[PDB]
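Okay, here we've got a single chain as structure tokens, the form deposited in one PDB entry, with questions on binding and movement later.
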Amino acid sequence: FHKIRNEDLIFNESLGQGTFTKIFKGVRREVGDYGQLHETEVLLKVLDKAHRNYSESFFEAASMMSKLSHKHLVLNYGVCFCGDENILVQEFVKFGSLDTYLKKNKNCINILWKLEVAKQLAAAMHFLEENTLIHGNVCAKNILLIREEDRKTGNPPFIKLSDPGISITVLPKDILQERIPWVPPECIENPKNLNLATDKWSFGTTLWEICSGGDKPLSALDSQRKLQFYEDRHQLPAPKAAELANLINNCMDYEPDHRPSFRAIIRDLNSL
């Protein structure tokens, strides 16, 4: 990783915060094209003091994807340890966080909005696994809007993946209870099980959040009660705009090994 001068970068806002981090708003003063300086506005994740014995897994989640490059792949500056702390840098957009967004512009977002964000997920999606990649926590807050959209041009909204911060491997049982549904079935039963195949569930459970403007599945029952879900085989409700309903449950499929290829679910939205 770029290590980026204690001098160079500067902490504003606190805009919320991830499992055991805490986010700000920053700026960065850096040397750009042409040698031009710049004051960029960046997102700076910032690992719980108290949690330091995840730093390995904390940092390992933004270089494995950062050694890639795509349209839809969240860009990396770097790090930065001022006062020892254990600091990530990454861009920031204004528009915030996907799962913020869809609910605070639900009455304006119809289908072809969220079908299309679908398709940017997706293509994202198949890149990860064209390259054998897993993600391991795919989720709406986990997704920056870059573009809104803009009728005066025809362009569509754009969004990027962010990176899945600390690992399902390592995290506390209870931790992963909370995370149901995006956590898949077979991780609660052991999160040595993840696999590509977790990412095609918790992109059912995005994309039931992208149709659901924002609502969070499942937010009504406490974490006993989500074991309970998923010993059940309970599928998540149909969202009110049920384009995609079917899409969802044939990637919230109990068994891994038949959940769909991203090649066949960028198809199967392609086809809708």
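Take the two forms, find the largest set of C-alpha atoms that superpose within 1.5 Å, and that set is the rigid core. Positions refer to the first chain, counted from 1. Compared with the form deposited in another entry:
- Core-based superposition between these two forms shows that, of 38, 70, 67, 225, only 38 has its Cα displaced by 2 Å or more.
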Second form
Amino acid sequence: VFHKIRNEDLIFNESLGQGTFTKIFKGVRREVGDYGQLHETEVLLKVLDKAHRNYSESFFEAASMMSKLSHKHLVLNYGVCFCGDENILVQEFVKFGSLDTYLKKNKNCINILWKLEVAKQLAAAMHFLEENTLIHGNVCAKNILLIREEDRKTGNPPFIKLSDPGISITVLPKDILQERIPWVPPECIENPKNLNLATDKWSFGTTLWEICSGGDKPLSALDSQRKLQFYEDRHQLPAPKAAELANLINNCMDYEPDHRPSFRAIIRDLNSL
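Form deposited in another entry, following the form deposited in one PDB entry:
Shown below: the chain alone.
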């Protein structure tokens, strides 16, 4: 599965900032629907950096994976454009953007039932991938996207969706993998080729730390080299100020790779609170 979209059917509107070796843009895809009616659609346009064109293989292996999947809490991928010289991904556009900047903007206005439901939606998608023995590899708060904000008056919850895996950590330089600590599991630092279903659970715990602290970045004050010793010393994550979900964060972030519980178990612990 690898749909192709013509460059003449994609318009580029506003930029949305840089990213992990990519550049983000809002745009419109003009497609022809039934009865001969053109059907414009707001889309997300993820352009790979031309300077890093060597990562085009994993850049497209990420799109081929998400185009095969249909889940409520997964960002849909419409296709791929070879728009001129650049390689571009076309995805479902979410209105409210990244979750990490949403937690930081409304840090004191986010109830704990809000964070609990968001964690349920994220754990739902991770259970779907685990059920279908699929590995994500880049589960972080910056990749989580909010399509609907909380509306207690209507009774509908907030709605989050996880984006594409992006560039796999197996092909990233050792310089860049150490700077991703503690999102990269400890076993992947000593051996980048140890990608596993258990590696996502570690990132799920690190992401649960982000939402529980309100957008704060763990180990941000530490440089790349001190992060490397953080793992060798077997240090655990300092519990956030709220200190609610911190008990579950420690279980998901266990240094033994096979001790990480399944997401069917995690879904139970979130409903038991």
